[PDB]
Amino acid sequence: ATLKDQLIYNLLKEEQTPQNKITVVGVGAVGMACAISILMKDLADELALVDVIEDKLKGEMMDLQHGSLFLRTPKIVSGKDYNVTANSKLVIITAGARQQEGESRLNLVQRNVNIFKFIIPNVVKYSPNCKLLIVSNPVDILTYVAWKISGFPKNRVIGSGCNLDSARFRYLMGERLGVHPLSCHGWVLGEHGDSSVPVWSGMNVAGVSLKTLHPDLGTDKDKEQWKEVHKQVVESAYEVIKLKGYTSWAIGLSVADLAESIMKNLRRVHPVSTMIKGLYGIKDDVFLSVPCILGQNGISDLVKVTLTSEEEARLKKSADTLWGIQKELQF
């Protein structure tokens, strides 16, 4: 008898699948922020990591494993081979090229589509019943791409979308009003990018319409220049990229928020990238953010947000910009 044998009597040796497995693909700044945020929210019983850079992948995995004492996720694995990802409930894709200073997210398309052509079939092979959560940019276009390549029903292909833009908007609104963002309500929809749409008509604190109180809210005639709040949301990534090189923490928290709703079947509403065909007269298979009910089967329902004529025109412009790109892609 070995020490382990003398210490421990085994009742059964059976391999059971994990109950709540999450995979993150891409262990860069974003993937590792999503990983740590998910670990510290106790959302998974197994975390798997995938990348193409083998040394970085192993190092990241080890660094998280060394923290196991402080976590409640008892198995952390990694590998370049997608067999490590099998039986995942949720697969989060963060791999690919990121924006350089002054580059648009839309300049990343070719690079990141060609990565997805390899990643997505491999994910689907090993977790045919997972939900896919796309983070890689440009996130709305890549959500469309992941949906086309996977063959999944569209409820199971979810882009992180404007959950982050809306969190930024609420932070900025809170700063102006002296209220925690949790109590400042306001939605940013459409592209996660330059063409996003602030929904001024829905902004409120305690159910009190700010546009009703201040009819010029968001317009050029506004003495308080609330449009600058949305301009700051749009410019956020560019400033943070200029200062620190990339963004990571806010998106990691945003993704963990989405993962919480999916994994715990909460049926919370989040603005995430999905197919908008049938809303606002849009006929095209365009993906962009609208508020969606999220839970264990992904997106089960879309909220039909009432938009002003100007808000609706701006959303349709965002859809046109994205569809212009999405329609020319080759599969």
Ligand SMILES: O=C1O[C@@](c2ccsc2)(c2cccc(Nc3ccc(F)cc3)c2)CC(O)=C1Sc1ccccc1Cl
The other form holds:
There are 4 protein chains.
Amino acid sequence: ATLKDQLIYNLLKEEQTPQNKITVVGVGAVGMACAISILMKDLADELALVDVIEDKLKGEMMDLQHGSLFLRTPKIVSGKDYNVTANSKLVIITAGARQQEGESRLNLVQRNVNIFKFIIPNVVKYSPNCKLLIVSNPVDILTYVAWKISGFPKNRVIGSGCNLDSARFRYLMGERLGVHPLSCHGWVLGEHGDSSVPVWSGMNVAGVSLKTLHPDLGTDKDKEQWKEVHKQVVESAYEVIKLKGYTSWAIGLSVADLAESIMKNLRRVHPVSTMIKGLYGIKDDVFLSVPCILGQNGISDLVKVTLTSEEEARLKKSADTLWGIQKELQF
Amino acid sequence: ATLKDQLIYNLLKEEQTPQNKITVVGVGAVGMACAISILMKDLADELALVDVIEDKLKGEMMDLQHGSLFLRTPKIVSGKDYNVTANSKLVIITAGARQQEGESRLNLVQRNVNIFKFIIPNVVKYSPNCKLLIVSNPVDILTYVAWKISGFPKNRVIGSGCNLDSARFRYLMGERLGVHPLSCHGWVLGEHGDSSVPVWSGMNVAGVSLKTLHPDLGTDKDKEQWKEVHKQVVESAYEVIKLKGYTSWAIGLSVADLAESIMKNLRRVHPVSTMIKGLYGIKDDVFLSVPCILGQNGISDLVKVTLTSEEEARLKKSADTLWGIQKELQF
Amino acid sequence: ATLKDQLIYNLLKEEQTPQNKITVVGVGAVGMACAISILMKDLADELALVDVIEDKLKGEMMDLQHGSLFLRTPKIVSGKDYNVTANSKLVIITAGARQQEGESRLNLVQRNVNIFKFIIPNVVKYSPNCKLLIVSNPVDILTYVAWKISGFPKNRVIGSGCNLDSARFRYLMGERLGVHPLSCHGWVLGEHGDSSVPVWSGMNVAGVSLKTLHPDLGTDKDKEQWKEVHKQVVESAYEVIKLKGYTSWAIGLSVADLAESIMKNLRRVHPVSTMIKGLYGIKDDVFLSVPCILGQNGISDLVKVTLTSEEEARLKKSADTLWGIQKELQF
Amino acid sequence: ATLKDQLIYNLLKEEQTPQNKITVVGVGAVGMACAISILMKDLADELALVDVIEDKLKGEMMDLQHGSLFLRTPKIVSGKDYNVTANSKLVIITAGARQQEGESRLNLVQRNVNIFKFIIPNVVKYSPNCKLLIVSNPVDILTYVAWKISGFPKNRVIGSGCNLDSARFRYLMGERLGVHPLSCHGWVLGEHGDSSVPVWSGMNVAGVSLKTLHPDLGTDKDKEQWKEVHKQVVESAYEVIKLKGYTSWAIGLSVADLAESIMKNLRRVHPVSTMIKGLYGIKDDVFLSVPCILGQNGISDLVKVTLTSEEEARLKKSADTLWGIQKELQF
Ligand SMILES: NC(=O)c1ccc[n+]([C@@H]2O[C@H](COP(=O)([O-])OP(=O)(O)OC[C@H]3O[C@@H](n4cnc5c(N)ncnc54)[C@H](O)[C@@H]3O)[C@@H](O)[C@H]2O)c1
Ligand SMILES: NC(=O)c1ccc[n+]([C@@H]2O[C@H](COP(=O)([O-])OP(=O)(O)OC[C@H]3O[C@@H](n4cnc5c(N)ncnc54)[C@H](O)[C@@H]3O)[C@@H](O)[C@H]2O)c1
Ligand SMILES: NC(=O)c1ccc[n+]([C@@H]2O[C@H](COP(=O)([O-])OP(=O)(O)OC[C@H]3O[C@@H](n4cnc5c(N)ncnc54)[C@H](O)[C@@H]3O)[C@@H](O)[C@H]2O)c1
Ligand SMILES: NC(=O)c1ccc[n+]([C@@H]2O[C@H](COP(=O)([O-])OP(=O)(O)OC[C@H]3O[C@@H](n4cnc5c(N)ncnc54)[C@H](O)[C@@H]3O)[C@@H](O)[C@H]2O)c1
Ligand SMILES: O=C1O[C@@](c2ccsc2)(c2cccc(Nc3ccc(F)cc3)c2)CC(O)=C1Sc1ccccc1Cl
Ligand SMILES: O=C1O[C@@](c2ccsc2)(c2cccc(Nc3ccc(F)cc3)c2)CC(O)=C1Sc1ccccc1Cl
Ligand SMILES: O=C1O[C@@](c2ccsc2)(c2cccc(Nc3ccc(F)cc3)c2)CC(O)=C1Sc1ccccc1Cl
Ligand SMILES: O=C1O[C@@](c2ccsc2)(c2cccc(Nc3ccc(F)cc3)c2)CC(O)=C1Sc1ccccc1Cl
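Coords for the form solved in complex with the named molecule, given the form solved without the named molecule:
After this comes the whole thing, all chains and molecules, with the earlier chain placed first.
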């Protein structure tokens, strides 16, 4: 007999389908940061990685596998073929090269819609009941694209949206007040990135509205310029790219937080991109961030935030812009 | 009054010392994986990052700070100046560029000795009571260098040594047996990397010695080629470099495990590099991996492993080689 | 030589002063639930237990020590003598038998002031720089007693106060809305227990004020009876005592959450009992719950919550009642 | 319209089922310590509690529910009816009053067999695919009883067995050597409690056999009395009962560790009670502890420990005694 058979007596071989499997598509800076965060939070019993660069993909898989002794995820797999992703509860899309210098949004949309045409049918083929979590940019457009190609119901297509924007805002608010970000509440909604909307009415510490205490909050005439907090969210994003060339840790940590609510059915509220048709005068098939309840069926509910006329106008303008790009797309 | 003063009443403004501070020196692939693993394990109340590339350093600091909402480390600081590292309990050295394309594994000696000449006195200036954890290669030589320059007692200079080698070995053992690496015990000692020693006598599952069950274990006569498990440790290290260009995740996870035992005073046993003079016929000031008890004073004790004649001869050969290089170094 | 000396070579026998020590005084239902919660959250490197019943104390210590394999707190000590508590960062008081049936508040305070007269000087003698966290009831009165006897500055004397009341409120709110309590914000302030104040203005989900949406919120004329969410906090407390005889798990978990902010210097905001003199027209030396910023120096700051005239009147009435009892105390 | 419908827009109201449910049967000292440990380890998405004392059951459920804000288990349910336990992955039996002073092993068996006659069919009815984890005493006899009544394959019927005995042994070993119990390996096998077997050959630190270093280990020729390390396991168990009246924390922590390997499919090796028929000359349907690989299918494999003739004779004697009691049982 072999050493294995001499040491171990087998009662059964009968392997089951993975019970809490997560797949990450695209093992770049963002994808690997999502992967390490997910592993360190014990969210999955199986992690699958997919990319088109075979050597980098294998090397990343091996490097994570070599840390198994310090993890509680007994199976890490990878491949260019989507058969490695079979029976995933959650599939995270972080694919396509990051935006290049001088590269426009329309050019990013062009190439990423193209790869989604291959990615999404392959994901759906092997995990037809998965929740799709889109991170790739422009995240609001690509969440619509994933929804359209997949044919999945609204609840199972989630865009990262304004989750990173709100996390950055809460960090900046915390720094300003000398309070941990967990205790500094504030929501950044609408279109992810440059055109996002800070909801000044909800900015609070311990339920004490900062807008009620300081009526000039968020206005350009504010003597203390609290609008700086939202402006620094956009500025810090560009600054990080200027200084290191990409963002990985902050987006990876924010994605693992969404994955935790989904995998553990927590029903916590997060700012994520969802189908907002029928809200704020929006009539088009567009995905924008609102506070969503996240659980085992993805987005089961959304919070109906009271917005000012200015805030509503900004979301409607974003919806018009996004729909303008979307109507010209070919699926 | 400002909005901050309107919202918050201050009881005292007494600036106090960090209680569980960790510094990481060199924010490359290894340093940042050490950082994210330490942050995700809640080991520090303050993290300080140091490097010579100012833009990359600032970008890395900001990226980690932007994930604060999902962490429990309230302060992340960085700087080229070592004043940012003041009062660290643990200082991790992951500095110096990794081994370049046509560079000798040894070419790191001269250039890393030169950078350590400036790093170590600066670390000692601001944290004279810290534990020093050396990761930079050749890790055994550089741990000796850190010890010599710092003037610290033996217990406060720890080399990552064979911690990654043993973690890889236990992953490979686990794969062969169908058992989690946590339950697959085995020790790889001596010189980190190519010249490491697998201690076949200690390889076990549930206290059942694999060598007792299979006497050919670790021999060239073994029809099952169990010796290939240690050889695959060395081969997988080269394979990861070939596939992705560097190793980050596995070393980061292993370093956070050592940091946990130190910060929490666990007194767990780890294979790390320590001053081995007085053991295995070694008379020179050389650092090699043996199982060490790690706690709040660093290495308080070491395990005296019974080695075979061939194992002892390999450690003594490594000591002769390391000392040969070390005696020619100028301080 | 002994087996220990044959197996292990000692580098240094020097033991450092405790670095992250917590003491729990009174190992009853509350004390032990605080103890298990602190241990499972890896908050301390040393846990000390104190009581007057020597056998129960030793049994509780041993029972925790027997679970050491599954914990990361390497030292668990106990004793009737407070020398075991030396150099604690945090001392938690859960001493005195729980309130008996037919026993009045005045009876409860008299008893507990009599034991605090011995406890507090003993705690101060061995840990003069500790933070004191009072749990024993009436918690607001006993926090004042601990502050008076200790002579500590007000930032280092923290009462559990309305932390459990707010946790219960958020659980009930979450059940009604179908949202996790983490995403259901609401503050219960003032006097702990029967006379606590729900601050309806701060009750929100994702920054959306429930009071703004539903102006009858918290009024008796409310068709949806949202006021019952606070009334059920008080009813649920009496119900738990009626059904099992005491509360342990919920208070244990809430105390560990306060211990986490203190030990890790998080600066999160919690509803805890602090010296309220100078706020809400209160002129007496009374401790009431307001949102406090908790860190390594205890309460460094407090949030100035805007209260309605009714809310302010209730806190002032509680201050008058508490002071009325406090002025007659003899210690 | 309601406040809930004003605040939250529902996307779907699909009444879904838990993916990772655990049930605890018997909410006594052991049962509730298992529950709190399981909750603090984030192992379940739903926890069900069952008992026959309805008030105590409801009070325990409520007390856990009130701590929801500090947990990540969104649903805690209870009931006398087993419909609350439907589709549990793991069912833990901690039912039947603890053995009383002057109560014989036979009397404890008889009353617990009677209670299992009702419990086990009820558990099987609602969770036919669950893993059964028996804690109630005499644990080896009651694991056999559960297996007989359930009709489950032997991989899905696990007895707590020598898991607590080995945890206590490793604690005592760690105390003597000044090493954390995680780094002190040693296995206590066979019959749980008084008649358990310490496997001296497997006792090691870092793969260094204590028996090889100290040949008198486990004998009376031992001037250091290492045999007491096993004897003190039995003595400390009686001592804890003498001092506090029961054991809860250590058994609770040990059970949560088994639950973690099962729920997360870790395939770690644990000393648990399994059907040992066909091993060590044993021919009867008896359950004894050996090192078992634990995962999503329960016990998939067992480690074949090489025992000395004396060790083998002690296990066969335990099997004869257990079978002697079992053959007279009425189902
Ligand atoms: N939503 C947010 O808040 C947010 C924040 C930061 C970054 N991002 C986005 O995340 C995306 C990734 O960023 P990055 O820095 O990791 O880029 P990257 O260039 O480092 O990595 C991209 C990876 O995708 C892979 N890839 C390319 N085509 C593929 C395909 N057809 N199938 C599978 N994999 C493929 C690449 O090989 C590469 O490994 C970008 O779109 C970026 O804008 C989003
Ligand atoms: N001990 C082990 O098991 C193990 C395993 C893997 C890698 N390593 C070692 O870790 C080291 C780092 O590897 P890497 O891949 O992260 O290299 P890297 O090139 O990615 O990063 C090196 C960093 O050090 C910085 N640096 C250079 N000089 C400095 C100075 N004087 N002060 C502070 N910082 C300075 C660089 O700017 C750079 O950011 C290497 O020596 C490598 O061999 C050790
Ligand atoms: N602040 C809150 O929200 C909150 C919630 C629940 C309970 N509590 C309070 O916690 C306290 C303890 O409750 P319990 O149910 O654990 O009581 P308990 O009767 O179970 O235990 C009390 C313990 O205190 C010990 N003790 C008595 N005198 C002592 C002394 N001089 N020194 C040290 N220890 C001594 C007892 O021996 C006993 O072990 C009560 O006052 C109770 O009201 C507070
Ligand atoms: N395997 C081990 O290592 C180990 C260690 C310690 C204790 N134990 C055992 O755990 C068991 C429980 O101990 P305890 O101290 O918690 O006892 P306990 O008296 O505190 O609690 C027993 C509980 O079981 C309930 N119960 C009784 N009949 C029931 C039924 N038909 N259905 C459901 N629930 C029922 C009781 O109402 C009670 O709540 C004992 O058998 C004890 O010996 C085992
Ligand atoms: O933080 C990021 O990194 C990216 C970024 C940053 C500024 S605009 C987009 C990112 C990530 C990686 C690469 C690039 N390349 C890039 C950036 C700007 C250019 F003008 C051209 C190319 C960009 C991608 C992205 O969406 C974010 S989050 C973000 C971006 C803008 C404002 C607010 C937020 Cl919260
Ligand atoms: O796993 C690694 O990555 C490095 C490595 C890998 C193989 S030799 C050294 C590493 C890290 C980063 C860069 C490079 N560059 C490199 C490597 C080999 C060459 F021949 C030339 C250049 C190397 C550095 C290192 O020490 C390790 S751990 C390791 C190395 C060899 C055998 C066993 C182990 Cl456990
Ligand atoms: O939840 C508890 O348990 C206690 C309690 C519960 C209702 S009044 C006091 C508690 C704990 C232990 C024992 C007793 N004994 C008792 C209870 C009621 C009586 F009328 C007489 C004696 C009481 C002690 C206490 O402070 C709390 S928390 C609490 C209490 C009232 C309202 C709201 C909350 Cl959040
Ligand atoms: O640690 C325990 O507590 C119990 C125990 C302790 C000593 S014998 C049984 C236990 C738990 C709760 C109550 C009682 N009551 C009891 C105790 C002794 C008697 F003689 C009669 C009744 C017993 C139940 C039990 O199995 C254990 S573990 C254990 C028991 C004996 C030897 C070694 C171990 Cl590791």
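Positions refer to the first chain, counted from 1. The term rigid core refers to the maximal set of C-alpha atoms that superpose within 1.5 Å between the two forms.
- Only one entry in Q225, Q100, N129, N114 has its C-alpha moved by 2 angstroms or more between the two forms when the rigid core is superposed, and that entry is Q100.
- Taking the core as reference, the Cα of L322 moves 1.9 angstrom between the two forms.
- The shift recorded for the CA atom of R168 between the two forms is 0.4 Å, with superposition on the rigid core.
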